[PDB]
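S.K.: What follows is the residue order along each chain.
2 protein chains.
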Amino acid sequence: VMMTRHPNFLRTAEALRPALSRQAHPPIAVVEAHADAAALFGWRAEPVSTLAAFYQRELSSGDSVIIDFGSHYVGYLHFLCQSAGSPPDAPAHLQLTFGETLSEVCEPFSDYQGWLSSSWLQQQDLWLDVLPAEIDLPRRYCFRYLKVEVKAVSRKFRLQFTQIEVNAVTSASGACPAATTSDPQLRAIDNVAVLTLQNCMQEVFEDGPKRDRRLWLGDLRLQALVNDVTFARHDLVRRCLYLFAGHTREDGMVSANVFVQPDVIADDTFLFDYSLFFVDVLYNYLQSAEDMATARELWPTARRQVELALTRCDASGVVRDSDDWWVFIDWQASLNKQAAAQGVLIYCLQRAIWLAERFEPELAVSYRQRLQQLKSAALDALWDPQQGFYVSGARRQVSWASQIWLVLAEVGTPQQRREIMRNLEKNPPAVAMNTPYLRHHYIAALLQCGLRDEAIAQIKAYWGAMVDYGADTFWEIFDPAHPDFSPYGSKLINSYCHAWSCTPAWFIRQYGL
Amino acid sequence: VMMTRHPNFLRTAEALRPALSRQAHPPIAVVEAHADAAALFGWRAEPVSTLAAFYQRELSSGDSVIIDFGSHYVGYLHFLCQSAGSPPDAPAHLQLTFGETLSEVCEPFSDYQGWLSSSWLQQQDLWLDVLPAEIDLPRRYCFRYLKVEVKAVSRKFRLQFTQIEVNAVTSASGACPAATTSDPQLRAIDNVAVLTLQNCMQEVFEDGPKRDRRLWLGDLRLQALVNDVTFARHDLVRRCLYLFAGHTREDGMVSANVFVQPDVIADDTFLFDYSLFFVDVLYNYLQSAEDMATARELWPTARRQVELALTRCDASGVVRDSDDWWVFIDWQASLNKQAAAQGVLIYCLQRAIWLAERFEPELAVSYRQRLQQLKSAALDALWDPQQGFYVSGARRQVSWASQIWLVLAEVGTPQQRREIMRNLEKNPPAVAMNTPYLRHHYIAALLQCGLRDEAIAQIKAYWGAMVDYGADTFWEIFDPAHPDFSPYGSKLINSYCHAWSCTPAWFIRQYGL
Ligand SMILES: C[C@@H]1O[C@@H](O)[C@H](O)[C@H](O)[C@H]1O
Ligand SMILES: C[C@@H]1O[C@@H](O)[C@H](O)[C@H](O)[C@H]1O
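Sequence lines, in order, name chains S and A. Under the working numbering, think of the first position of the first sequence as 19, with each following residue one higher. Under the working numbering, think of the first position of the second sequence as 19, with each following residue one higher.
Not one of these hints is a red herring.
Since the list gives no way to pick one copy over another, a pair counts as held whenever it fits inside one copy or between any two copies.
In silico DSSO-like pairs for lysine-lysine, Cα to Cα no more than 30 Å straight-line:
no., residue 1, residue 2
1, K478, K444
2, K169, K509
3, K509, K478
4, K509, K165
5, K174, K509
No lab work stands behind these hints, which were simulated from the structure alone.
Please model the complete structure; the sequences and the hints are all you need to start from.
M.R.: Below is the structure:
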């Protein structure tokens, strides 16, 4: 897999690396876990003591506690501990376990049976040869709960903690305007959304601070919108644009995600939709930041994503389907992706035209003709009048995703599109949405068709459910009908702070809901 | 338990802290373990590749190897490793296990049952967030074999080690005269002995570098003898004398062992014999180093150990017996210790007299009378003519230890004592010796009675057995009839480099065997 580096673009990205603010926080309580069928993933917390009382305890082999930090934090653990009893005559062996949910410190990691690496699960053994001890752990953890287990000391002495804190980090340490909304339930959702984005904003826009700690293009697109009306760090959107542009496949296609440690390496994973989203991110960045220099410099990268995407169309102007993981759309293994991909192409071509009008007017003429072909081809090949929905693939599957994306693409007439959104509400497709990522687009489609009250009710029903369940930050994965669901094969390795799920802040602020 | 600090003595000890020499060593092979009934603790090594070939390997989840370092080392692990395949998209989770014997990296630590802390078992989990990686582990390990297990990486990449070394440490980095002996089997034993002492000589004379990494008085006594004819670091014997003298029980009794991290703390463990051995260590130090200043300064400490010990005698001059752990002698739970303790008292009183002659002549007069009382009382109460052995305790137990110590004490006549050592041949006592520590004294008793050929044969039979089994260093525990034996409950937590077992070097060199 041949790649191409662009030193000029990478030097621009490097110069825009943000400083991180570091800030200490103590935890709020010691708790005990109780298995409970009717709770957040089967486990309930009960407060048992303050921390001042825990600092008086003298722990022996086998003793363990769970520390509730009170909110969701990303950062570095610091603690002090010391001996009690006789002079300490052996190392103290501890085991630490970190969780975003309570369930992550109650279910054993040894039972994880998924296709992501188990190494993402947060855990650390320590051997203290000398007491008293001052410990600053080097790895960055993302957690609310911390389990501390004394695996082994000798019978001659006991261990005693005197201080525990987390040093939390973020690049979103600037001001953040308060939301106007007079609706208390939307306010609560906005608060959770903003915290979600804050913890994801680091040296790049990370998708999730526990996992994958990495810049992805689909995620970036949504995060940039929220950033726009919260922390307004346009320099960081610019940095992330130059990163994707600075290291590409040799034919010019941008990667789905980028690493920045130990140096900038772009992944060998390529997605039809994420590539095209480079165009929409560049367009939204121009609108919000008003930086013509950057948009002009990066336009060729955007244009190239379109040149390459258009080669996937057959003679009749419909995107070819295949069984490999060629486009993302949602975490839904049974989803045929052809129709949704057609919609993404048409959506992003439209933005390529708006950009072309400024930087390459002559090309906009032919792009406009091409837009028309694709929309017509979508109607001819994909629309099914009897069902009132678009079908996808050789077996003519009906999904939510197909409808959402072809409505956003503005295929057909405004009243046809409004009729489709009513059809979802009264006659729901079989293949459902699994992520707040895809739900974001459902909301956008509702608003675009002037269904404003329906969009408000939908934000409240879906994201309000996560809030009512007790979420501090919004989740990577959420299907209300199956709250245990994981595409990875364990809810333990899902992310519970994922910024592609924090767009309600944008909807609420931008549309004045 | 009230203690007393002596700042003057501790400042002298601190000023004599030795510099450590650090020196790099590569391992010699990759091996595979095979369960084998007739081998060193049930496990046999087979070489499978060089290290140059292992540095070409690309390891995935579940792969593991065993690295043979070729000898016994004490020090710090350094290695480099890097990614292969796709760009690394998750942390690399490794598990390291360290063993002095092969069995320690083959038997699972999770099965350890014992009264010593399991935290002594050497083990370390690592999560590498970034590759390539340069790793220098901070803890000091004592090992020959190293197991390296890749617990988890993702399917997209593999791990590849490019260098592995141990940085070995010791304070015995000076010259060391070669042994004269023309006997090839004694030469082999001397080589193993010298390496044993070398690894135990650190910032103090440690009893064992894996465990307990600590200065004990009984161990010190034997280590100082060997030091005398090998590395000749008298400054270190002096340091260790001032440590025991510098922090005592409030009534003046020295502790059995001393900690030196984070500061000097003497243990709350007190042993009749180890306390008295302060006298013999001071005496041997004067003979070898010729340092009258130190011996004069520390004489009051020595004298006080005798004052206190003599209070354990009844009116008739026999030491009172009890079932608590009041005296050490050997790791033998079934041993009645009264007779051996009587012998240790008489042995150490004799040295207190030789010291008193120089620093307090008037006291030697009464000590000489007391020596006579104790020897007489030993004959009257403990000698059994019908059996030709000394008995110990109310149940008149016959042990090896009783005979050994009362012969070293020079109770009775030279011929009586020679007849006792012959009797150990013809009617071996029921309660056997479990350590090379006690065996050292058996050898000394043989030599003292002029049984020189028998002492040579006994060094060869016992220590030669450990060599023939494949030992790089001599062991803390060794009963030939039960090689699996542990007073701690698992052979995993025994020490396999214990300097109280390296005295053959002294015997061989000092007596020109
Ligand atoms: C497809 C890509 O990878 C998944 O693991 C994460 O959910 C990420 O947010 C998504 O954009
Ligand atoms: C009794 C004392 O402690 C044991 O654990 C060690 O074997 C040490 O060497 C010994 O001197």
